[PDB]
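A.B. asks: Let the sequences and hints guide you as you build the complete structure.
Number of protein chains: 4
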Amino acid sequence: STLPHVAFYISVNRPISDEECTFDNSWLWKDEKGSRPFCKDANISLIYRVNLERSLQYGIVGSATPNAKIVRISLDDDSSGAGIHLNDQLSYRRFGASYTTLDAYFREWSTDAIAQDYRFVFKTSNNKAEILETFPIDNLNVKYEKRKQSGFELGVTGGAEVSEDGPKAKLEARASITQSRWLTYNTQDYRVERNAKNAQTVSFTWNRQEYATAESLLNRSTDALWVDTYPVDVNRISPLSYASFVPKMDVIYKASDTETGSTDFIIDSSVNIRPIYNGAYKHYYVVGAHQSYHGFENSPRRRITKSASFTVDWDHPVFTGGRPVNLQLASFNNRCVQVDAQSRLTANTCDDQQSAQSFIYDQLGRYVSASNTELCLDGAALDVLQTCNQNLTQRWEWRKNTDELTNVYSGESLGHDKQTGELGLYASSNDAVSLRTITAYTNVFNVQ
Amino acid sequence: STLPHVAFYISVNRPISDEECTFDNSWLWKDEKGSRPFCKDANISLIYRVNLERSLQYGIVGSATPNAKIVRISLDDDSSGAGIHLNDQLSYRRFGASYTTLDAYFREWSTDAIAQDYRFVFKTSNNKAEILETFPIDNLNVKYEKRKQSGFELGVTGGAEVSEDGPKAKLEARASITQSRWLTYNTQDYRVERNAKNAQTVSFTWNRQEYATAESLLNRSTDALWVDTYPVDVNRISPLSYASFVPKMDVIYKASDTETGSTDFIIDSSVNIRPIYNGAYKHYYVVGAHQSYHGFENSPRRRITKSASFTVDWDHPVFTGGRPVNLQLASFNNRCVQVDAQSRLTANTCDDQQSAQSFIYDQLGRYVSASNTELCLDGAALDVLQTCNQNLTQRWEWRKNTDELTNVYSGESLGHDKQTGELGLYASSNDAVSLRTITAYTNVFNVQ
Amino acid sequence: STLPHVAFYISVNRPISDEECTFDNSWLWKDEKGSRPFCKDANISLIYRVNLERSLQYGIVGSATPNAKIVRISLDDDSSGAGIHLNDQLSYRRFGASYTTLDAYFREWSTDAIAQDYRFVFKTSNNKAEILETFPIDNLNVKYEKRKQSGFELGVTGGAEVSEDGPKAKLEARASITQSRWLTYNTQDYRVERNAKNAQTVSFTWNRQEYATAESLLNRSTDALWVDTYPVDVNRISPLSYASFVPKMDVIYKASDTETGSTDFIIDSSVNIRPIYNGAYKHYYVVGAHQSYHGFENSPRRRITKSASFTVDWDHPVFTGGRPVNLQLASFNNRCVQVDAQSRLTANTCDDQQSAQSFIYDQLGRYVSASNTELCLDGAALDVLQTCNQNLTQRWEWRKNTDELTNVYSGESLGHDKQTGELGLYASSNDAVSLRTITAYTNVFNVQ
Amino acid sequence: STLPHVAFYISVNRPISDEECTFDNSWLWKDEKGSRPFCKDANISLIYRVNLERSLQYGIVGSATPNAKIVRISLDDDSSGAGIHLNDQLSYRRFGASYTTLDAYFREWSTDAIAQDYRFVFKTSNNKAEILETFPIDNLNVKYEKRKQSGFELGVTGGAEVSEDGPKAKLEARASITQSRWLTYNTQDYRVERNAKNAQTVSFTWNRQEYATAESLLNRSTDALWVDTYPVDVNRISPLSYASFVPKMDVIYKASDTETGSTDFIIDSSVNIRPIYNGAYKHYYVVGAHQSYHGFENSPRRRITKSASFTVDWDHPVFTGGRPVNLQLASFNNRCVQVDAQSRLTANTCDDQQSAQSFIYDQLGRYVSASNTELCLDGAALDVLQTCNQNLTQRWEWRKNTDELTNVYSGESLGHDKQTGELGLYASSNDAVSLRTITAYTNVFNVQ
Ligand SMILES: [Ca+2]
Ligand SMILES: [Ca+2]
Ligand SMILES: [Ca+2]
Ligand SMILES: [Ca+2]
Ligand SMILES: [K+]
Ligand SMILES: [K+]
Ligand SMILES: [K+]
Ligand SMILES: [K+]
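Residue numbers (the deposited numbering), protein chains in the order written: chain E, 133 to 580; chain D, 133 to 580; chain C, 133 to 580; chain B, 133 to 580.
There is no bait here: all hints are sound.
Below, simulated SDA-like cross-link-like pairs (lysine to any residue); rule was C-alpha separation at most 20 Å, straight line: (1) C:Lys-260 to C:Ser-394; (2) C:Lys-380 to B:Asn-330; (3) C:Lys-302 to B:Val-294; (4) B:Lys-278 to D:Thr-316; (5) C:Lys-532 to B:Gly-543; (6) C:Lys-172 to C:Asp-249; (7) B:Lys-275 to C:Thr-319; (8) D:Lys-255 to D:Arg-204; (9) B:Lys-329 to C:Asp-249; (10) D:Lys-302 to B:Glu-296; (11) E:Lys-275 to E:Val-324; (12) C:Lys-278 to D:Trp-314; (13) C:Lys-380 to C:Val-253; (14) C:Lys-300 to D:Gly-291; (15) B:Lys-280 to D:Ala-344; (16) B:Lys-255 to B:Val-324; (17) D:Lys-275 to E:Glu-277; (18) B:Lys-550 to B:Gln-470.
If the Cβ cut is set under 8 Å, some of the chain C residues that face chain B in the computed set are: (19) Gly-213; (20) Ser-312; (21) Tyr-317; (22) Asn-466; (23) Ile-570.
In case anyone wonders, no lab produced these hints; they're calculated from the structure. Cβ coordinates follow ideal geometry from the N, Cα and C atoms, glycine included.
C.D. replies: Here you go:
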């Protein structure tokens, strides 16, 4: 009775090799210090849930929901997978300049790679489907709190200084005017950015926001020359950026209710791997020589992607919105009514997953072919399916408490020849004709 | 009618011996001051709840949930156990340097061990199962509150100083410009870090965050030489660190609906035991000699683990999603239809937990073997189970208000020989054949 | 139909005698000033609610809840009792040193005792039961709010001083740099600390947190010598400390579904009674002599405990999960089927609370003994209970609208001899045999 | 079907006479200035709701609620009364010292009395009942917000002074270190303090908290001598202090399910009436003479109490938990079965409120005397009530669609002699015996 679905999981598993995230050990002296792997068993492991369905059940008229074929791709709390992993913990290596100098970089630290962003792109092979809705629904409309302060202050002062010179009196008056502005807003360390290039493609990117630059990771900005310590505050790097990331997003595609052909849906899951480079700069000043710490933002990044795809055939029986049944000729042990390519009807061995043996019993009482809902079983000519119309010969009702299917127009029962299974209309059975018809729901809702 | 489960508890009990958390009494003089136990009846006591189930009931088609075999491992409010325990209360010992000096560490305190972190690792013996979802769902996306302030201040001052010298007048003007930035965020003393190396393994770690270092536990940083007191603020160490810790987490594994074989699931519960070492450093300055307190972070830690495991056989009857019944031949006191290894049918003494005597009565009316859902009881050949298909001889219905099982194809009843229990189809009973069949639900949902 | 319970209250009443909380009048001069009672009709009055039950109803298979025997001990809003009481109000006594001095304590106040902590310990006599869950669920994971501020300030100043000496002009420039850190967190005056030593014992302690020391109760730290007043701010001592304390906690124990024997559960409710001692110290300085107030933390404390216990017999009928009935032989005025020690059946005068006359009517239709669910009433041999199996002679059904119990295998009715009550199977009653059986629910759910 | 209650209101009305709150006009000169009434038609008007009930309905076994007899005393939103009233508005009188002086109190104001506290004490005459639960559930566990701030500030200053003497340059450097602690918590002007001396008595006191002292009511602390004004800020005295106070509290007592005898419950409602005295102290100083305002805390207080009480008979029929019926012999116009003191049965004129004519029709079908649930109507001997047991002669069922009560054991109907109403068992009625029995619910749930 309820709306049928085609539901399946898509596993996206992609181990990231050691060479796939090997970067130069240093950014200032990239040609001298060699290279090393900045990850440790990096991996992508996601599980998408895909649903195919019609927007409404078969034959429902006057609904407030438009008729459409819906493809829903979801990565939610019920089905997410392990996630994207880069590192168990972050380490660093320190490198010094092989030659001494005066005003240049003399030290460098390279920290294990973090995820600059995670990107998930949903594409479509053709334009038969359009994005109907997504989750997250939209980019954030940031809320700001503004605050204006105005103040004044009035003061007086009376002093009395007594010394050998003589009494000395002071009188002072002060007036001050103050004005300040405040701005308050919220950030996160990863901000979701939704980017919809056109009706067929949308991408969700979780981008580093609060500490996005290597410079922002420094807990100290200046130091004395004798200080030689790691200047990065690793506590500012959340485990969300290397240990495990799981996105939450939904994409709903829709096609027109009369769409034909097929469409490939592609999901691109990627992580922008970014090693962190920091350098110490020697500033020689006559007053005092100090070192200043800097982060390099032009350092290399590598995007590691895994693509998953599935094909949707818009003529799949799930997009009729109905639950099909078969018509089994019960004089035989295993024979069902089957429709071939040119609409003719034959009796073949029943197959529960064969859509050519599936019919939808609609509201009018017609048996419409599940593979082509424009064709009906017509009692006037029971050798080929006929175009659905309002013919009374196309309407059937089940005789109560029996296995007889009767035609509405004439009241005759659907019978089949006991030798060949050829269908016909008969007032009553005889030696050569059986009136026993058995119907059961078929399972045509497997992804094929 | 509802979906069956296999549910059981796994107790993880591990007393931690005195030697398992014996550390050096001192960190600076580890070879001189001996060792002592830093715990007091440390213990791990957890109770995991495991559920085995199918994602859907047997034979349901067109659902929005994909077909899958689900393994759920839970440590929640309904079933958690005592928890992980290290100490009733924290004590300390003070040690002094055996030799006096000038600029070195001269005092040390070693505090009873706390839990640096609690780690729970969920592994899998092979890749037949993948992590589908977890709780906690993901690592935290930290929210920051930024605040920008800009201000200006204008002032004037008018002074009048009178003395023996003569009247003196002052006029002053001030202008100030201010700019400040605020950053606000929340921490905890234990932060959950989710780490999913691949599709088969996930680890949850509760890591000390707010006071993670021995240095952060010092309530004072400097003191005069004559001061000799414990410099650690024990109020900063919550009872969550040593008295009792109970995690809350769920892991859901999934296997394909056609998975075979078996899989071992391993749960590793561990605590990273960390003694706390602090030292007082003597700083001799000509202006003034003082002592500065330091915490040592390179001090030893010991991880104490307890592993629990259970085996899941993917061919368990619970993963069919149906509730099996037996077919008892009621002419005998105790005889049931039983399937042997090669599919033949015999009559044996009924066993309520024998899956070889269990059948699922499906929607079509077939009796499919619970141990192999591809085999049916077929009325055409009642000596071996046959492959499930759409044969009408494989469909059975119960005659109303009787103990007769009738075949759909021919209408004959299932009968058994009164001496050997051999099955057959009969229009009516006779002296040698009984038509009495009794069915009851079997209990095949025990973990075996 | 629903799950039966054994429910009862445990009253824990313990008046605390005057000598049980008599402490020394002074801490500095404990041998000179005598002793006094620091309480006023101190009392412990708690009411625990205990529930015994099975986790599931009898015979339920395939549930997501594991089979277990549950013991629930609760002290909640529905049943708590009066609480723990120490004082109606807090008073103090002042004591002075009998000898004058220069730099020593010269005054002391001893305040009426408060509760340093309230402790509730749940123990178990053996390891047949394990803690499954508690309330409070765990120790608190404290949440901290961190705040970083950075600022700069730029200023200019222009002064013009005019006097007899001549015009004088001033020009000044200021630059400031500021940095501050904030840490915010919540405390209570009593913090719950959960301490689970092992799988059998858990203790909950409400420990003073915000004002835990006598020093923290002083509203003033220094004073002039002539000042002679009580230096304790009694408003900082909440009525929760002495007037009435009621804990809220739950402990759920579980045993194996096949546990035998018995187990003693012990509840230890205690209060750590602590008198408050403060002293005034005379500090003689040439610049100025003052007095500083101090609190003494090494002052004595006394723990006053009351132990309650109850015994759980794991073979109690409540742990079957079923609601038993008796089988009354209705030809007699008062005769029921009774099982003796070795399984034989006799007719004895009915007792509604006798578990030897109680049977569970299970899903199969068997009458299993409530005192031993492995024994059934078997129609093949109606003189001794038989091991439960799938025998059809062990299944019974009630003939509709009558008082006849019929055997499933043969259809014969259960009858009893009209003189001795010996059971048997009969097609019909006669002069010596009655077929009238009456069944009613028995009350075996009293704590015994 | 549902659980019966005995419900009634207790009105506590106590007008407070003028002399009952007449205090001295002054505190410093109490013997000179006379006395006056500090209230204006002070009054106590409260309405308590009392419920008597059993914890469970009659005959319910296996419940998670223990069997108990419950007495509930409530003062809630549904039933509270007018409240406690002291004054329409607060006025004051000013008094001056009859003799002038130098350093002493020279003025005094006496303000109309406020309520220092409202106290409600629930007592019990004996220990048959214990406090099971209350509302408010417990004393408040105050929550504190702590805040630590640490900061540093660095500054430089460059000055250039130009005058006739010559150019003068200044260079300054500043460094500051700051540290602050914050503590935040909530108070009310009336705090509820629960005080449970033992299992039988609990008191609730609403005590003034925020402005509890006469000193805290002063809006000014010092003034010049010529100032002569009322120094009390009457806006700090809420109308809750004098105009109307209504408490909200519940007390639930429980007794053993087999308790006998009676118990008196006492409710003491009182208000601690407190006049407010303030004085002005003349401080003569050579620099300047001023007056300082003081409040006196040792001023008199008077507690005005009204006691209400009610008696609970633990053998009241409401504590059976069942709804009784009577057995009316319907051959008479007005005759019911009645039980006398020694258990004999007679026919007397029916009284709907007579518990001696009330029976509970229990689950077994027994007619249990409502005044003594250990006695049943037994068909073997219908002249005296018999001890309840499992006799089949003690079970009755109503013949359908008739007024006949039939015995379960023999099937005979309960009949009564048409002249005397003597009960008996008869197969059929005759001229001297009527089989017509009429039953109706009786109203035994009035407080008696
Ligand atoms: Ca509408
Ligand atoms: Ca849907
Ligand atoms: Ca489930
Ligand atoms: Ca329960
Ligand atoms: K602000
Ligand atoms: K701020
Ligand atoms: K702040
Ligand atoms: K603040």
